[PDB]
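Only one chain is given next, in structure tokens, and it is the form solved without (+)-menthone (LWE).
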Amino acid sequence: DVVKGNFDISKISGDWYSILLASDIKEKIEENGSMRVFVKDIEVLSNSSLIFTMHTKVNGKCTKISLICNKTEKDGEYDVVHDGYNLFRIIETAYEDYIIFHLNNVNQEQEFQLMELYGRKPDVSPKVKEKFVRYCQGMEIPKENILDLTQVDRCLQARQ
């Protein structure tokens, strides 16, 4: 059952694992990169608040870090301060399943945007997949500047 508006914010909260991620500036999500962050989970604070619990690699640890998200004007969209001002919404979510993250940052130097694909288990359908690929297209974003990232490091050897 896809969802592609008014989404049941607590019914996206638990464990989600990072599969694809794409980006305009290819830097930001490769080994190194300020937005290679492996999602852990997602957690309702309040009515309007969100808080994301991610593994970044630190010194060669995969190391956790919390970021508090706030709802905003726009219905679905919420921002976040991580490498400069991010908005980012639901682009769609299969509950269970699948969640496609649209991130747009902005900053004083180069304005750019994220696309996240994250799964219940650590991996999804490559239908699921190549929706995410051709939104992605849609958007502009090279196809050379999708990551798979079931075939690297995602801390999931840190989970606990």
Contents of the next structure:
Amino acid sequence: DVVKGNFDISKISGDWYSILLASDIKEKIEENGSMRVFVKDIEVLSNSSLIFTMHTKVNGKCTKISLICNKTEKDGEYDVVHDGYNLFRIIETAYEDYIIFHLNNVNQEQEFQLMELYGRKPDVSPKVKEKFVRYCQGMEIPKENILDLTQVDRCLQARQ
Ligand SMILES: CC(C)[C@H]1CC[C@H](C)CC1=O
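So that was the form solved without (+)-menthone (LWE). Now I'd like the form solved in complex with (+)-menthone (LWE), please.
Every component of the complex follows; first up is the chain already shown.
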């Protein structure tokens, strides 16, 4: 049930797992990188904001953070503060299976894009992962810059 636009936001509510991570700056998503953050859940805060809870590593320990995301003037776009100012939007989702997010980090050193694949479960179809890899390459993210997190510690032991 792939939705490609006009997403119902309340249907992306609830728990998510981070599965694949991609960026045109690999350091951002590798171990210790500012964007190596594992989603826990998404909830509707208001008619125009979301709240994400996510895990980061702090001195080796999985640590929960909360992020407030607001609709911008552009349709489908949200902003969020983390390692600077970010703009993100949904690329596509099957609400009960997976969601793909695109993010832009707007900083003065070098702007970069992030691509994220979440699943309702700690894994999804190889069909879904293939769809994501294709999007990444269409966005000129090299395959070396796509990381599979199902192999690594994604704080699953700490989600509570
Ligand atoms: C801070 C990062 C990791 C979060 C913010 C919200 C996005 C939908 C997913 C994402 O890139």
